[PDB]
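Taking the form deposited without the named molecule, here's one chain by itself in structure tokens.
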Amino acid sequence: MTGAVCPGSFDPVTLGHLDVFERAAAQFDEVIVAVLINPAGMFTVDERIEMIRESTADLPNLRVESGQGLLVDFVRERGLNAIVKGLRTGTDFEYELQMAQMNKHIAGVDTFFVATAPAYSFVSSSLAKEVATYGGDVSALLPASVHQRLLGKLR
């Protein structure tokens, strides 16, 4: 009965996030995507959850839930003690390293990092929103569903 939690804001979910979800779902029996409620973003929590659910329909062992507060409490309250996070740079590793060590210290929760697929090395929710705001084409970087929803928030 293995399992891991994939946390983030996912505003919106990108193909880089989806790649991490698919890799986590292939290596753990149960994956929970943890969508942070952090009350300034573009999509509401419900919209973010729906976009992730739409993009993960081919992953039978993955579910999507929202939460607040300490990630380690979210993880432990579901009987798990592993986090799976995607990583792009060594700079990414250092700040995430501090949080991983803190999370292990306070709750015994482990963090596994997975390297980003090369094709999504430069994709982030924030950069995709910013580029699309000025009319740049990000359709190759986002799930097809997410892309239409993004066009709608801008127009």
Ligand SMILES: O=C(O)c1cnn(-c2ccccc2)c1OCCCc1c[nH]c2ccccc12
Second form
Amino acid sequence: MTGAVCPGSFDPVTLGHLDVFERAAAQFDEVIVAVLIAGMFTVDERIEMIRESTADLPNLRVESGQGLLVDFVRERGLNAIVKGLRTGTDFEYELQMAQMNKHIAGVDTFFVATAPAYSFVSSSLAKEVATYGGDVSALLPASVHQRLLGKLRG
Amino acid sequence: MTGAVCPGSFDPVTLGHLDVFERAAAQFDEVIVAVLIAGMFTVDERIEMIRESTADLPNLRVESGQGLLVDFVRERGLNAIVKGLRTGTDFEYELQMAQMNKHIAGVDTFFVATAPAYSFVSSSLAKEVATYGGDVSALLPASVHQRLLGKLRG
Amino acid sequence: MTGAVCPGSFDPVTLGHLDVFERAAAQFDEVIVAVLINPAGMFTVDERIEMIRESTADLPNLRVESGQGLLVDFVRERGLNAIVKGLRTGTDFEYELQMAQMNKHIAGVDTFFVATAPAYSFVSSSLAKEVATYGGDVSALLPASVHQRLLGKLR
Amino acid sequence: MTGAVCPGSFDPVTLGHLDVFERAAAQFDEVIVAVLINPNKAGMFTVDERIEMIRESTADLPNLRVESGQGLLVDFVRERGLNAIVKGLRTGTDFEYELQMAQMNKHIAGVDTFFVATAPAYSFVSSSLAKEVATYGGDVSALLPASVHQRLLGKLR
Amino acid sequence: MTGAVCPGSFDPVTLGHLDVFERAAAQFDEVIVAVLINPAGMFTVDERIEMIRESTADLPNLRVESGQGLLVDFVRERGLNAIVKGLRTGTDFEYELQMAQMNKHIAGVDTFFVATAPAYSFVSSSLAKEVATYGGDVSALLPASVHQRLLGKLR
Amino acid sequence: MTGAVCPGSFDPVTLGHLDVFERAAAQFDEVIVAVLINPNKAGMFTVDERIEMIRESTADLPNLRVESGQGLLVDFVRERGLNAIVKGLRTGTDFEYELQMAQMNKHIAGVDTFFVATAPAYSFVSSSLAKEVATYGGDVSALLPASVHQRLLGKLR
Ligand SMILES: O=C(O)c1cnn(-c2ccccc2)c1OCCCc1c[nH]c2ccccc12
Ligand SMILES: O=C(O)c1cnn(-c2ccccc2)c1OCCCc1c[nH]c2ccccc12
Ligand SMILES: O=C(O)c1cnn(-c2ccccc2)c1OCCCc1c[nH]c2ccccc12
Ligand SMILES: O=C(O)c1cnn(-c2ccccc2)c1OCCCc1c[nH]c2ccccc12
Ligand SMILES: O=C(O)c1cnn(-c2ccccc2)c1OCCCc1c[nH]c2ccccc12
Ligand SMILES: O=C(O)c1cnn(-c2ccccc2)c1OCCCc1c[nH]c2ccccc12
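Next up, the form deposited with the named molecule bound. The previous block was the form deposited without the named molecule.
Next comes the full complex, and the chain you just saw is listed first.
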């Protein structure tokens, strides 16, 4: 009965996120992606985009969440969070959060290293570049990319 | 059938290591501590010290290993490594190793953040301080500490 | 006479801050804790000052004042020319190194740092407040007097 | 005819920036300083002011010119038939941030980025910190070129 | 005429190095790859030079030489005063920033850095050799010519 | 009577070190520079040489003295009735490494450590790099005090 929560805003989910989802799903019996809730896509849109890109992962589900992440995790009978890390700044910031979360609620955090190909990817740089007409199609799931193009045109 | 290998030299195992062992054992169905093999304690001594301190963790075992870590992991039917991280330097160094290991063999690596109380602990600083008569008893399992005192006197 | 100013917003003061206060007061003849008045937080400056005074009652050579504007002015106006504070992380170091070099360049005021106590390395006032707001227990990260008053503000 | 674009807000240009301008101009046939403007947020200095301050302190660099722009930097670069960006780095944060931007820029447009290490004397200098210090009366005259210091004091008054 | 020296041990040259060679040669009128002779490695300096020449056959403005002693001397003796190399990580940056500032201080020679290609950020010669020694497949990290010769040395 | 120990190998002392000595002496009633010797590995300079070079460049610091030692630094500190260490930091690596040592030293002995930021001009200076550069003929005269430079050249000859 192993399991972990993979939290984020996912606005939108990137290939970097998706790689981490697949990797977590390969090592834990269940994975819950927690979409935390002022951006480009609505929560429902974000959830939909993630569900579409994770159809091939049977043991993964997607939910929205509010308030303390550790409460979200414990209310579901789990006590692990899983996330990817790209940079030293990611590590420093997430280590702080991980130690606070373990202190207040006993919830642990597991990190994985980014895929090298996606180390420079963020949802906010991808949206920014796309806005000015840069090609970010190699950084996003094919579905998400189309949804993005739609948002910028409308 | 989840599982991970927790590798290191463990010369000697510290409370920092032990905390990570317990945390990995809580989230994976099996954990193998892999003692990799020019220090203070022999491999057998290191294994013994770890086994003594992990008697309360039923799903953990301890083995020696040589050669490529990813071969050790795959020869045992696993494809995950688990380790703790204390510092930014830990993160940078281990990220490199993790990406190389995933590239050559598909073996993934999961990291956890050090317990705050042990963030400054290394086996080499503990041995060094103890050599000159500093009290490191709060940083090492009670068993290990006694074994250390014995090594310095003999 | 040796001395240093220990600056911050302290909204609220944490056990991390308090540890640094004690360690500074152990080494300098006088320490002045300077509570910065900004544009904004949870506690008023007077509330912050009282919480620090309660927590530092056993440090006779430490006093608490509010300040604003250029810190190196605050320091020099009190006949001192040293700042003291703690560092938790690499980002603390990078950020504070820049500020320290700027402060020494513009005014000749030096800055001394101490490493955080390991137990409080992950603590910040903002994160403590955030956690407490959603019901998390941060009582082991704050002095007793502060935790009570924090519960009061969240109600 | 080698060339690079040196981008920034330059609000205002500092001695750290100018040091990099000089070093870039010594190694590329032409250098274009690109004053990148956010049309949605004004800085302290207008685009004309920023350009003027840079020109006045780079008069002895014959192969350097100054132009403003907005939008994607890689478009500014390619529209001039170049494909190199050059800038300085002071800290580990600069390196992390600029490596991400450089990798993104090469990915989307094939434009490369060259970095130089800050002169040690100016490693702590930023436009924002200089402006902030000066706002409260601190002396930043040794961190900024003559073309800047008094105009900056003028804005603050 | 613009130009730069690209220094290293290249024992062996990797696809990471090669990417930087190509990017330097695209921007400078000439590039000199300088293979450092040390106290020690797997390949002789002549072997290293030949492997680089094979991999850089399509870069007409890049040449390969060996060198020893003070790098800024090597650079200036060839009428240049720029060094160029890649950076993978924060430790690369910290280390190379120190060396660059020292090299500019002592000789006026400047240093230009490029960011690693993301695909090769984790690559080092030492780690590639270590992995290959115990049978790991590093063929996607090295140029074709190098991988063959590496297999030869491990037998 | 406040006081701190400023430890190091000082093989040789640099201008970066001396800057820290001065700043420490300005803020503590007494400063003891501790020349820590590894009895199992000699450096370039003997203990007497290292001490001599430090004394010659600190003659105008009346509250500073120089002593050698070995073994645990916290014992050196406590045997003098002090419980503070003071030193400089230049880089993020220095901070990571020294924070570990400081936390270990306070844990085992209650001795505290105070750090100051390097002077920007000397941030890239180390004794090892200076020695290495000088070995191959590089000019490090601006990085080292007069008391050091020619003795260093003498050792290399
Ligand atoms: O920050 C972003 O916008 C963003 C977009 N893509 N990636 C990414 C890029 C490369 C690799 C893994 C993600 C990002 O980095 C976020 C890293 C922190 C993180 C928080 N929650 C997560 C859930 C799964 C994976 C990572 C995280
Ligand atoms: O490096 C050491 O000697 C040493 C001694 N104790 N700790 C430690 C201190 C605090 C927390 C977890 C360990 C150390 O840091 C090692 C960190 C990398 C690591 C490699 N293998 C591991 C297996 C389990 C846990 C960590 C590792
Ligand atoms: O940033 C915060 O909100 C916050 C809350 N607690 N601590 C802390 C946590 C652990 C140890 C020492 C403080 C924090 O870190 C601030 C670190 C920078 C600093 C600025 N002024 C200071 C005055 C005294 C001490 C530190 C500082
Ligand atoms: O960020 C600032 O406001 C600011 C003011 N001065 N300097 C500086 C300080 C010391 C050395 C080189 C600059 C700064 O750092 C910016 C570093 C990144 C950078 C982006 N574009 C650039 C163009 C030329 C040079 C640097 C950059
Ligand atoms: O350190 C190594 O063994 C090694 C093997 N491959 N790469 C590499 C990996 C990815 C990208 C560029 C190189 C390495 O990183 C070295 C980075 C520093 C560097 C010094 N001299 C250089 C010359 C050209 C390029 C880089 C350097
Ligand atoms: O590491 C070196 O060899 C070396 C030579 N000069 N500097 C230096 C360069 C710039 C500024 C302050 C020193 C060095 O950096 C050491 C930094 C850590 C340190 C340990 N003990 C010290 C005592 C006084 C000052 C610093 C230290």
